[PDB]
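For reference, the chain that follows is the form deposited with its partner chain bound, supplied as structure tokens.
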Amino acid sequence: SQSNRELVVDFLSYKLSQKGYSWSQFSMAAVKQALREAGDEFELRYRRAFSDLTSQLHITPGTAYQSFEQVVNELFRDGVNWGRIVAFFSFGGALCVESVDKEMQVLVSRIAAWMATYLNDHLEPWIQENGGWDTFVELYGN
């Protein structure tokens, strides 16, 4: 419900601040801090292993959601787990940072809406059947 938008807005605020951007220029605690550290650890591994998550994606406002939906559908095509959820947040976070980087800051509120919608309809089910967000802080708590 609203706790998912609370989590999505918090993560996007954190990732936008790492490059100097403020959330208001465009628009729980344990679960937030756990996702922030896990999302930070994920981006460092992805940049180390492969490349930047979005700089190679040639993103335009007309192909924004068109690219967002094909990535999250493939990521959760054959199941859902906690690490894949961390990959979901880090991808959408890196998408907003690229949107402001490419002068498309109108996409920040759109990506925020697309993520919170997918979290409620397609990931929140799996959240509850695996113990809720309390399991995420149990596993990613230090």
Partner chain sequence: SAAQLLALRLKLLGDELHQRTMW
Contents of the next structure:
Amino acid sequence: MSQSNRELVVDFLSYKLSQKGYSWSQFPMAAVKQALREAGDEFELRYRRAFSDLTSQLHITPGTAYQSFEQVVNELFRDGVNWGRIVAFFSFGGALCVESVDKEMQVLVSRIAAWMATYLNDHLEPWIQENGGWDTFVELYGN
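Alternate state requested, the form deposited without its partner chain (shown: the form deposited with its partner chain bound):
Left out here are the partners and the other molecules; the chain alone remains.
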């Protein structure tokens, strides 16, 4: 569902910005949020590169349009959707927000959240609903 997914993005990015010492101002669900926060932390511990290729492939400016974001995020899903790649997506968004703030383009982090919502609702929800919904995500990743 569209509205839950906006909340979920904003939670994950607010969590990452907080965690890495940044402002988050420029913006059962609680189980899904906790599980997703933990999943992103584990993911980033294993893979440390922070999607440096994908982020420079994107080359994000305020002139950058959703279609460009979409093209680059599709790289994560060249072999289709799985749970791991959904976590990577949330982690990629987080890395982009960090980059945006470091480059003094705080304006992009609310735009990135909207892009992530649209992309999640459009390309990922169809697979999530097929494979047991966010209940399955929690079953799989949650404490």
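Throughout, rigid core stands for the largest set of C-alpha atoms superposing within 1.5 Å between the two forms. Residue numbers count along the first chain shown, from 1.
Undergrad: For the list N81, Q70, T117, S109, which one shows a CA move of 2 Å or more between these two forms after the core is fit?
TA: Among the listed residues, the one whose C-alpha moves by 2 Å or more is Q70.
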